[PDB]
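One chain is shown next in structure tokens, namely the form deposited without the ligand.
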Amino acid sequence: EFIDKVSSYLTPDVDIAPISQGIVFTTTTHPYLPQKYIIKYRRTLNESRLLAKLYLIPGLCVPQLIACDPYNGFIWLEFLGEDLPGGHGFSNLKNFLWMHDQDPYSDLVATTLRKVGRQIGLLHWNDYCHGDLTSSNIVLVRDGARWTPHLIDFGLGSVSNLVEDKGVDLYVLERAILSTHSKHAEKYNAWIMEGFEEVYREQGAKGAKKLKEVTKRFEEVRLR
């Protein structure tokens, strides 16, 4: 059993709790220090590196890299996200969106959504790429009564200044939101876009131009 090998690896000392496959766990045990954590087993080396670089970008929210065994393919990441009240599920964007779907005309959803775009704007301004920007790969952390967006599984992620790559990532996202087929899907994407633009429209005349380029490419990609 693969679980057998994993278990033998971290010993009985570490409680695990399988969570996903094709392989991820939870554990309340910290790998070296005397609440809940994440273990990825498996490519990973990529994800680790990235997470390190991404952390260092001011403003950009991503999981803490806690430990990394590159020789066996283990990474312990911090645990982000909680459970929406009323059984609406784990607090990634999809679930948040389904939850508020019949009542989307609030600050909470729009400002939570602009924030999401702020993260992507950030990511792209620094010539980085997710390359799997699904609505399931954006988990929300509670900050008082606001929500704070973070990005996750940078397994298929890379560093790129190719404007096409930025358009694809946006497209993957806007596509995933359209996947649900909500009436309000169009707005979400507009709002995520606002927050994206907001970010570039900040970095000045440079920003506006580079922004204009990614904007046109994205439109093109949406067109293809």
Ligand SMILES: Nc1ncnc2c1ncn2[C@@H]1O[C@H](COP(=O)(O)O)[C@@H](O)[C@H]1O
The other form holds:
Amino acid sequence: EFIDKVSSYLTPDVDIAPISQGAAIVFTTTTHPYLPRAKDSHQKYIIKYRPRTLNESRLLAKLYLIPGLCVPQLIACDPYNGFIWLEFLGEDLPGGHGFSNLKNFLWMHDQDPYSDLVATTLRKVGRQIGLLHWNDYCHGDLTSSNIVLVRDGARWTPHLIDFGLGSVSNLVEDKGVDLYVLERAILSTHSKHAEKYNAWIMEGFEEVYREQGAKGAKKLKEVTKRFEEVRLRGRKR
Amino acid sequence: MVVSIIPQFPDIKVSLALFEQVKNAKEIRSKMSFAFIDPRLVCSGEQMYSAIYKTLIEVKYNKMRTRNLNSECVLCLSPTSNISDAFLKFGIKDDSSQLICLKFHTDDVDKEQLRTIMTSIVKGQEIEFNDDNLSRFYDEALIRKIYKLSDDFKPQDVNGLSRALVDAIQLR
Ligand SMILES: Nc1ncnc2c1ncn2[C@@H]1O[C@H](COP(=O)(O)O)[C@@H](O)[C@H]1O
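Previous: the form deposited without the ligand; requested now: the form solved in complex with the ligand:
Next comes the full complex, and the chain you just saw is listed first.
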């Protein structure tokens, strides 16, 4: 019934392919929502439908304006019917290893992760989270599926997606919980290398804060302390 | 000139034309169906089309605020909701030397007739409505003031600037 309603809303002139359904439904389309045919610049786009859309759209727009932060373009918003159209980020990994989110990238490299490529990519993931928190934003659902790698030649450029549960916030408690959710998501694969991955991510996070002089150093101490407290309160005592 | 459709609104056509060396902007204003838009505030087709999209979403699914679709689209170019402010800032001015001529068509549009009508109104030279030509006439400093962009925002190119304007349009 969702398919009926969406295709009726869009009309038959907009192709759609469902790719994900959670507790929002996500499609891809080759049709740009407003540029004349062939005057757009990308092969495909994302349509995110909520049968909240406003919150996510507002956060995507605010984050784009922050130097260094990598988020998908907000192309169109219909808050009356619950549609957001976004830039499609990422691609299929070679060898059938899946969509280029962080989870799949780590699985692909899990037998041999000690490379410049893996360490550097994970440090860049941490930099994104560091920029987000430095600027007093919170992701709210920071798993390895919500970090998407975009190919840049032989490198990967981490982007953040899914700001449905995001917020503006200068609370260190919010920051620690974001970090803890990612740490646990990464640990949950049971990989022998999961601790090292989290270590590389934290290196990138810390680098961002230390680039902000004495003020950054003080703020970082605050965050890391709270993060340690969250870890303690995270398991049975 | 270009005639376009928004995919989910198949029966509405929009015509867009760009003019330079305009000599009679004051006259046009005094005789103000078309919208006459100041290209100093328009850096790309992406930005213009995003406002056309917003116009149709607002009118179909929320509330039209102004007289017609042409005027509603001028409002939808603005980051804020004061109608008079939008008309003043995004509409042509007495000193305008270029303009965008926009019209919503709610059959197939008679193009020869349309060109004749536009030429009877505008004293100036039509050029192609495209990004190469829009890139000649936008004023980044003015855009930054009107869309309230921070100096810390430093796009490397027009696409980067356009993306911020589209954001403002979609979230108005
Ligand atoms: N901008 C995007 N680019 C590529 N894939 C996306 C994008 N947004 C969402 N997805 C896919 O849709 C799934 C669900 O998205 P979400 O509802 O934002 O959690 C994600 O895990 C991605 O696989």
